[PDB]
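Heads up, the chain below is alone and in the form solved without S-adenosylmethionine; it's given as structure tokens.
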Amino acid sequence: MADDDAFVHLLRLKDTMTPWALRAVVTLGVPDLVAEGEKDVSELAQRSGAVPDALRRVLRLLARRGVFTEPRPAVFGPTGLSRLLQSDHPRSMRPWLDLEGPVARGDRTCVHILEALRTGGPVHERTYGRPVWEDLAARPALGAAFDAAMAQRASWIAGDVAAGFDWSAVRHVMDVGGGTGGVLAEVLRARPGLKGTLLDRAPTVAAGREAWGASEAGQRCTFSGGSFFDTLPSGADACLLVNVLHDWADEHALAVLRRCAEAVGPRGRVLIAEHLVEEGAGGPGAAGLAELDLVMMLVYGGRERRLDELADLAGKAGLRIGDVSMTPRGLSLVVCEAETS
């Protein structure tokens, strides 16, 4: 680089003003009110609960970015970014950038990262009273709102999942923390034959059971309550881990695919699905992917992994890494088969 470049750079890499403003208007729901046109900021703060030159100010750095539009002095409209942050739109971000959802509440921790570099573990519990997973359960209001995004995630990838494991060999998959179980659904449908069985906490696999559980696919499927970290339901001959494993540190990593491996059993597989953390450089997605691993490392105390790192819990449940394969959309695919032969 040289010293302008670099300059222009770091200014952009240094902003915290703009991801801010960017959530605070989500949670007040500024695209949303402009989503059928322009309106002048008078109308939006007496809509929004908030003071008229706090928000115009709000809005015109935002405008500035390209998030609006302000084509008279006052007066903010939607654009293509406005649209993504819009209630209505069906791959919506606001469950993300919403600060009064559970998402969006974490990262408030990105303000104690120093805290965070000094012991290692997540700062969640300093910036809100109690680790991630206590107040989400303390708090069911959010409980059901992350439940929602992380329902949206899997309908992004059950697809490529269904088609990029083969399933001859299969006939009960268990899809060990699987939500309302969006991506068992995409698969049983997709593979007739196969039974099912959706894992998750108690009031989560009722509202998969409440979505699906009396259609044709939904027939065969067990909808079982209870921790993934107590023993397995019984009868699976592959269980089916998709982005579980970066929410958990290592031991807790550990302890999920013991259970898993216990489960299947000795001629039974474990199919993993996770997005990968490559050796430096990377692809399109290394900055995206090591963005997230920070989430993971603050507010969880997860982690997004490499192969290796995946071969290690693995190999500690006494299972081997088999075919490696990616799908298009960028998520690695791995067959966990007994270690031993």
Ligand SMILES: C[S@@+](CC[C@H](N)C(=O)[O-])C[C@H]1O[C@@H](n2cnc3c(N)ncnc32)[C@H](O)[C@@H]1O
Given for the second form:
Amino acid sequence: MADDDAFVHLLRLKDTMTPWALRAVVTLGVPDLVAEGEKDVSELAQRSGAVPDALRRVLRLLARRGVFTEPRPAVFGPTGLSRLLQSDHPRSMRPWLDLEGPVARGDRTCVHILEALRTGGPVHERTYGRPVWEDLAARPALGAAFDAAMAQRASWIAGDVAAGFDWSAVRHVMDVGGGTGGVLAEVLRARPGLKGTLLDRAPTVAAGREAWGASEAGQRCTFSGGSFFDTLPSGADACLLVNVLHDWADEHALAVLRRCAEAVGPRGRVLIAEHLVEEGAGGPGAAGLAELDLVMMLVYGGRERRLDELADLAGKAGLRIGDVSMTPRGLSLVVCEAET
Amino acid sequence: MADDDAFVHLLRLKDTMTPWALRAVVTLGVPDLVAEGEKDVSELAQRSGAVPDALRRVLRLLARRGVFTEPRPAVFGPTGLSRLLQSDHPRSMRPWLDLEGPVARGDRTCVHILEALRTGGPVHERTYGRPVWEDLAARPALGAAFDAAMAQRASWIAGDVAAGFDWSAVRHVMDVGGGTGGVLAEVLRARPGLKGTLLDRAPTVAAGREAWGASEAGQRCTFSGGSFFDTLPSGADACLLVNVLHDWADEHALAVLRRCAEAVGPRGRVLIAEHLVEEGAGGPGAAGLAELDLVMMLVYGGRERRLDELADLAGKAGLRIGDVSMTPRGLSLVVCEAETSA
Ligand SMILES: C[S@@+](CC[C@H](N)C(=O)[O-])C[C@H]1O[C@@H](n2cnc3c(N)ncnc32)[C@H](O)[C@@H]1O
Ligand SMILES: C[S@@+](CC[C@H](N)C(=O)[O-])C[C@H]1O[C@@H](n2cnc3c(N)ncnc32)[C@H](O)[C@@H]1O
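Got the form solved without S-adenosylmethionine; any chance of the form solved in complex with S-adenosylmethionine too?
Shown next: the complete complex, the earlier chain at its head.
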């Protein structure tokens, strides 16, 4: 009749084999290997690095959850769900579940949540020896993979941010923590007379240059490698913070906003774009954001924030909330000017 | 399926924050703390060992999943779900989720699942320094907590074992690997005429002696400390194996069946009570059993087995599979006898 069984509900929540069965199978590329059709375990185990027995058993669980079909014993075919796990797929989940990549690799922190509760700080260092940014920097290939994954998210959100802000009284925009520059590229091409500056890590900006630095919009952008905890390049009236504040704890997220305020001068405008948490939660939107927030606590030192917490940071960095809007999709867009 | 529906369902499957939030919060005793009613985070944080902000954010994820209530910001209260996580509770799930206890401790092995596909064998040693049995033996407190947690699963299935078998042909049963012996005890007083023996480790059985060795059932039961891989005690005409084979890789599980086949002699019984995996997809619990099988692979060297995986193992010990009937509660029961006859 209805969904009233508290015991069953608890069984849904406590499963930890399924999420790591899932991640592992994506890492070993089984969605790709079965995309064509039914494949028996001997074959799937050979191509990936796997023991046939173990893989049979891991796929059996995931087949009980509808990720794979098993029409006979030890043969596994594709489903609507496995389509979404393929590299092939337009909006693929692969970069977020692949343990080769840095994003899913950070989910190994889940086992250290107790220490995270004791110290109130991140546990990426406890899992891997160094905290997230340090070891993404010491392993460039991991850093490149991080940047490529983030570029997939940015690419979806770009056209919306470009439209979502007013660019009339803006002559030079700085994308601070802008990744490969997917958002800035859109802003500039949408507004032919804008100057741009991509500020990020050196190999990140350089990979961004290769991608679109030759294009019409690329010509009107300086690709400036560096750190946004230091002083920023001068002469930007607008600074753009698209999904960077939630990576950082309160003192560090503050320091970024200070450097952005410093960079834009008085009556300069710092433009923030995040998904913000909302007190009286809701269904799938708020639950997903609360999950993501624990990823921020464990991997990074960060946090998803409400509008009012964002306001407490802006006030301590000589800024004030001007115009809060929202993209027809849920991404909120806040413009901040200077005080006095 | 179609894209968005598939997408929704995948999000449920991929979530690793929730199940560790849940285990963290159970380890800290937050369900006990809110049993009386709403508590502020300040008090929860103070009474757990926790930073308030860290705990708050953990609790609001679990709030959106229905484990706790949050009626105003930063206050958390009990639910039907949290009631089941109290130590207090009769059907309590705390021992399966408390990371200070041995069961949930094993769940940390999930992060090394790729290594387990690489080699095939367990990764408890990779995670903790020793394989599951050896650091359970090296930490007496975990050893008792394991036996207390296994006795709770024994408690809910012992009635079904007694009525599920025919004890008429039996004189002296021996519950091999039987734990504290909740399955033997319910067997010995539901059948007054029988004798008993409980083989497990010495502190496991001496604790079982303290629990019910004084009772009327316990007077007829020899509480023997030992190892079921070595020669079993002499003079039983049946051996009982209640959820003991799924802990062991084929080769160790074989050795256990041989000692059971040897101990009873010809015209004896080896009675096996296990949850068996089905080739199709059962329902429900094939999902749950496939979940458990992955724990058995990662933590222990073990496996959930089909009837025929059992048949092969009993076969190689000179046993055949006789009667195969199933409990209402879903447990398969099989009487094994000597392979070759008359
Ligand atoms: C969430 S990401 C990318 C956000 C970007 N708007 C996007 O969606 O592609 C945050 C960015 O901050 C950058 N970052 C981290 N620490 C930094 C530092 N000290 N200086 C400059 N950039 C940094 C990362 O390299 C990354 O590109
Ligand atoms: C799954 S449990 C037993 C379940 C229990 N009979 C019940 O019905 O709840 C596994 C048993 O194997 C036992 N065990 C582990 N190593 C052993 C050894 N060397 N000798 C005897 N028993 C051992 C454990 O103490 C534990 O009681």
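Positions refer to the first chain, counted from 1. Rigid core: the largest C-alpha set superposing within 1.5 Å between the two forms.
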TODO: Of 288, 315, 282, 52, only one moves its C-alpha by 2 angstroms or more between the two forms once the rigid core is aligned, so tell me which.
DONE: 282
